[PDB]
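Below you'll find only one chain, the form solved without 2-(3,4-dihydroxyphenyl)acetic acid (DHY), shown as structure tokens.
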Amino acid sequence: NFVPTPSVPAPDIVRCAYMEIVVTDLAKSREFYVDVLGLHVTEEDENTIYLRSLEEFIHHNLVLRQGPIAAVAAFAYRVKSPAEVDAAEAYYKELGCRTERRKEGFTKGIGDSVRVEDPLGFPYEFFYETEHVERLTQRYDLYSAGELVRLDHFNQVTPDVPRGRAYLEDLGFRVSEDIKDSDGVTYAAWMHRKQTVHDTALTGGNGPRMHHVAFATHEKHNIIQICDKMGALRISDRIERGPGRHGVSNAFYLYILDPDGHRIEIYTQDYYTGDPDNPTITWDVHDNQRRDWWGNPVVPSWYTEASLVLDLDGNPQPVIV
């Protein structure tokens, strides 16, 4: 059942920082992420595109890499100092996980990093060093009507949520909201290191799979404009669920699908979770409002489709059904 708790301290994680996504047609994906969504290109080449949101100063929040199979190559977290990359390496080695360290980084603009196949089969990366680039916070001359301003969280699908939760708590994540039954069993959990509702969340299901990566906008009208632009471009069929308001997290949300089917959440409205005794909100598994505060109808694909993730050799991790 439970992942053992190492005797070495967990690495001090600051926040989720970026995700590396493999796409099958780079030009088609570039059209979606840059021309439709408006993400900012930090740099690109024939095979990879480095994108960042408006208020980011690190090198990128998303890396799109062309590959033969659409999948997620890495969920990356920034750690507090260089020594924490060492700590992350030691922690996972004690758990017996495969680890790979590259002083020069795995993606451009990132420095010394360690990638690991974690206990739940996910490719996690921990890094501290990264090139700083121009922070576009006040470049209102580049601000689009649907501007994505920051990367907020990842959502992972795994078969055993209680095992996943205890493992992430040992890593230092705290639970801001969870869904449990009368028995006290955790069905899903929102976990954070930074002061928003979450950096990652665990959803029960066949896995390991990536459910979605999420960006925030400043206000609700920005999310509506994304829908409107998609309708004008005749790609409204890529709008999967939303807009709506989730009861869990209180987020005003929208889920859309990229060309390979990877799910992107765009939401707005966070609340502060930084206090040491921030109250956990537990939702009952039968409370309808947990999914949708407004009662919007259920979208089946949202519970069944999710992206494959890769092992450190670049091959898909088998999905446990």
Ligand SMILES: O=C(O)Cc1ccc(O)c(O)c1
Second form
Number of protein chains: 4
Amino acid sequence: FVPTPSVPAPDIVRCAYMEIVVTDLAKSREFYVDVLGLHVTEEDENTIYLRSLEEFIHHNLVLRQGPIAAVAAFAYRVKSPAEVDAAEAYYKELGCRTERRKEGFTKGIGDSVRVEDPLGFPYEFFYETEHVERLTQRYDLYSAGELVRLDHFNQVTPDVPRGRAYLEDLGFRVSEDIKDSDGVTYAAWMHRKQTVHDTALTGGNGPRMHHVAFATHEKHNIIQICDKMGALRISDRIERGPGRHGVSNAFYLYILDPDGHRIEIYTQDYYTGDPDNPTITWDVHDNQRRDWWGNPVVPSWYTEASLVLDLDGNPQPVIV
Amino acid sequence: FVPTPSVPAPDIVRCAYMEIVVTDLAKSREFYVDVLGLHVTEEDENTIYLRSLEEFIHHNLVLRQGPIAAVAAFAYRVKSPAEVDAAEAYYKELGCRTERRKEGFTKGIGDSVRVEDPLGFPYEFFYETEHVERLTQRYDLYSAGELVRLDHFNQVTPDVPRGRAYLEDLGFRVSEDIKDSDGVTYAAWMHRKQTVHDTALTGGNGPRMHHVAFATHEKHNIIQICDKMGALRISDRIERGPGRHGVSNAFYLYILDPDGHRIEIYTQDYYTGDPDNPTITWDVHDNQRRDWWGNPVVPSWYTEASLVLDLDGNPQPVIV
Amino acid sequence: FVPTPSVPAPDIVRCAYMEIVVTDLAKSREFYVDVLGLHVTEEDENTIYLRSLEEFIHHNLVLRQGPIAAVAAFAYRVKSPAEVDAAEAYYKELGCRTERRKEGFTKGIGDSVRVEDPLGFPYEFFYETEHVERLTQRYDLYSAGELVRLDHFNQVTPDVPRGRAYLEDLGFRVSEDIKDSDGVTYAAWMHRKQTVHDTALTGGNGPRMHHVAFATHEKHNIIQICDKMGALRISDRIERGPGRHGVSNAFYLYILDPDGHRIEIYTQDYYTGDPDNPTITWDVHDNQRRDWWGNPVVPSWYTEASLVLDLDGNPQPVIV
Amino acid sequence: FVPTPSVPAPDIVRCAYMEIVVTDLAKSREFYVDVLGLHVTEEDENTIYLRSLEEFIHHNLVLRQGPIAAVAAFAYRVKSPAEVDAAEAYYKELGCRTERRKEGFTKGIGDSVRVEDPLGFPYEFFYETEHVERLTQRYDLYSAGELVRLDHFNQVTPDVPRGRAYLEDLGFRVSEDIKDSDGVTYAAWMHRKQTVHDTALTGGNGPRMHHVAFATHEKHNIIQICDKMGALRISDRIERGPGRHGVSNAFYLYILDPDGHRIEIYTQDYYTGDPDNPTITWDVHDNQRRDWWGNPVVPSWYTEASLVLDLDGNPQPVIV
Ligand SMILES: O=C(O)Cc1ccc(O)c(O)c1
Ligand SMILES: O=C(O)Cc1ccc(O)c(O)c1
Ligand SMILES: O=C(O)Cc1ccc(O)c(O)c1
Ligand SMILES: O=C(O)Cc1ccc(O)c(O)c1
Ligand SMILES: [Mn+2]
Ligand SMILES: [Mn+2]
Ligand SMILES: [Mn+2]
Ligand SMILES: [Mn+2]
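Condition change, the form solved without 2-(3,4-dihydroxyphenyl)acetic acid (DHY) to the form solved in complex with 2-(3,4-dihydroxyphenyl)acetic acid (DHY):
Then the entire complex follows, led off by the chain already shown.
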């Protein structure tokens, strides 16, 4: 197990954005903006800043042109400027490499610290961000498959029990998990905000990014995304779903972007804000734990996932 | 009563399109295309031809620039070219003014006959029409408030029993009506196709066009139209609804175009195709006959309606 | 090809009901009434009469206890009493075995003729039926997965071109078909009523019943059926879907009853009522013709189908 | 203004339940259970404990038989057992009457303190409660108009600025408010949990309970409630809506129980959890602040509200 530091954990409010490296920016823009309908906060020749309909912070996604498709950062917003200091101190005590930039690492974000965490993932903690027009009631812009908010990340790592105790120490609570009779954790859903999760851990070769997920208001919005992809003849990019998750109870869809990064569209989970919210444990042999409808899980869903970068911009080696 | 001709009635398949005269074409285009999302089949400086998502005939609506906002024609498609002849013969026997144009009255329509019917309405019967791309599966074009097909017309006339017997002679059947204890008809819903109606008769000063109605696939599409109008700050053009009709059982919305013409958006009525489909009779005092939820009916809904034109292009005088 | 008779074909209005033989009536009742929510018109120790929410004829399904699960009759309603005579005369001229019963074959149905048609299927034609309370507006009964009407049948037969030419002589029109470069029909969707089909032909070992289909009002009603089956732990009975069909454009779901008979839940196809409604032809190699989202079909969907009975109640041998 | 205590405010997690006094328990049960579909946790001859689908604490509503219809308690769950002590200390310092019961005031709740707060409202704070089966995935129980969770309370008070400053000292944040050019608050929406509100203040004769609100998953669930009430002939109990709120952005419906207590059914507001979540201020003359579609409000909605009880069970006099 990762040691529990003597300094307090930073107070994390929620997952906020992900910075992903793509190989052809124009091709990626077409998928994220023209197909999925995300809103462009701002952009230049090498970077695109996107946000969902109900977001007020500067962006939920940063697309950056690069030679190797990978995830550069999983960013979490902390409760106040002092928590950025707490985050840096906490990881330094763990012996992790850290880098602080008062001016931020991405446009629209202020003082931030990035770290190569104990599991090899590039994590960012920040508090300051530029506010932009919240498009919540801009129904003149509302598309039939509208993505309304960023919900969670999903990470692949070889040792799930080690990762779980580490995120618990950081203050995340386990709303649901999958265990065997021995009591060993195979996967866990973890949260700071009042939904089922901000991040999840899946067992496998890693560190790797399994997916980032956005929510819609209703189920028909998810169906429309599939319909539109069939009309555009890119239905081969629909990987799994739509279906109903056993774990989380969310109606879901997983699609692939042009570099193969996995995007989940999700809707309707439940409230986990209470202090003694009951953890739901599923047995590893329960056939409805993944797909409530018993649908077959595609093999690629367990084996393909995105590389993540270290703080110098190079891929972290995958432990097999 | 209007005499029953000795020649057979033309075989009418369904309501097909309406030609409306608007006072400012650019302002009307903005409402029908930019706000409601109808598809432009073709257009020129004085006329716009629009169609709904699942239509394959040339248009469901013709917008024509004119000095007086009014309805120029209610058009019905007949079963074969010979029914156009039958339509002309039938109205001639009734002594109505008729005009036949082998080349059609509107672009994309072939051989047609227009008549000033016994109630003063300009009716058109045609069979030939140019086919265009049916957009049924063009989900890349599907908007959140998509109108998928033209459903029916609604006409205001002073003597409903006279109008009902006249349309029955034409072969329309009454799926639902409103009567008093005396057995007198106050309103009637009439159809040729297998839905609740192609046209309806409402008692009042006329001849006048009460509304033309389009259908959506689901209820949330109707809600989105309201939401979008609120975002565009034109919610004062929402006249009545959304609500549930007692008569027809349809979920509905009535909005007003820039000249005040009333448009209904409707969804989910039931099948009436069987030969002995039961007529549903509602009593005039049943409070759920109009709005199933008991909502208040706006006074303007009973008093405002559009003028209709005679065959020379002049308004038919309204009998009060 | 089946010869074309010299007498006119009976005027068929729509598919009306199917008589199914089940092996354990209590187990079947639980699935059709308690799980699917169909409404019991009446029942006895050996037979159950069910109807959908918006139906006014006596029943859409008849469940009958028997030794071998099979389909005893595909019933179509004809336009008037005289069409029952025309149906008998038409099949006698084709040399088919026919049996007429003035008092009907199932309760609530009057004068009917049943025939072993040229492809081996037991077809029934009737006009008279007892009317029952139409539950259209009984929202106090409306369930979250409500089936509102019977839509179509799907039949498996070894020679599709023969069956297609036969049904067209009967007056059915082809709304969509699947053909190869050579022009050979592999499958066809055929209709009398104004929807995509009343019956369809699938190539395979037959004669066999592939499925009977019911419609819901909206897409979320179909999703609820799946959710409820997962809660009841019978998700292993969901065979294919939910998905979007390329042919027909309908949102769909296929599930299996206790004896393995296949039921489709379907919603939202389009209007085919015009006399020149364009047939849509799909190529055999178009991967979006079955499932618009490119989902894998299930081998069982092409190989498993129900036996049908001859007029003496014995199963028709299946040609392989 | 109410003085700000020197002891810290209790850490409040969310509104949790309301205790309502009804005049005929059988008539009320019929409305809450048979019509609305709430789930009975337990009941006796004089009291009914109800909860929503996704709730795990003992109840969200308590119905209690009594001589005068009124609200006996607005209950909030606090973060830990120690916060019950902090709540008692905070209100004692304000000079409010308080009553603590180690064994709870209603079944299933533990150590609780009730207070007659500065505005005259009976507030309860508790931590301990019995957990019951969370019905989240019991789709075999899911109704077409299912209420999934308790969302908020709305209170009527004569001095909104006083009440607002008081609740902010308690730690509630203002997600949206209505102000005039002068900066005076006419109404405010306040929250502890990550939705738009836990409670709201409406100006008027009070103290009175304006309404308690429950959420559904989707917009069609709210429409079904209306449809079912029309089928049961109790549409006269639908008071306002359905509509879209400007403030909060939620799709809504207000109905009346047998004693006239107002219930809101609500769905789809947005996330307010960030520490600098922007307050949205609406001007008093903006006609889309209440109903986004410009619908007329109902005078009864501003004038009628429920009496609330003091700690001895007698109604608090209403200041006019
Ligand atoms: O279906 C599964 O594989 C489990 C599950 C539940 C919720 C999620 O967001 C997710 O990504 C995966
Ligand atoms: O609500 C009403 O006034 C009756 C009604 C029913 C169906 C319709 O299309 C319509 O336009 C009016
Ligand atoms: O998806 C397919 O396999 C083709 C298809 C289309 C419409 C139907 O009703 C059906 O039963 C099958
Ligand atoms: O429409 C209004 O009157 C304002 C409003 C907004 C959100 C709510 O929950 C509410 O109860 C009232
Ligand atoms: Mn996920
Ligand atoms: Mn209408
Ligand atoms: Mn089918
Ligand atoms: Mn409210």
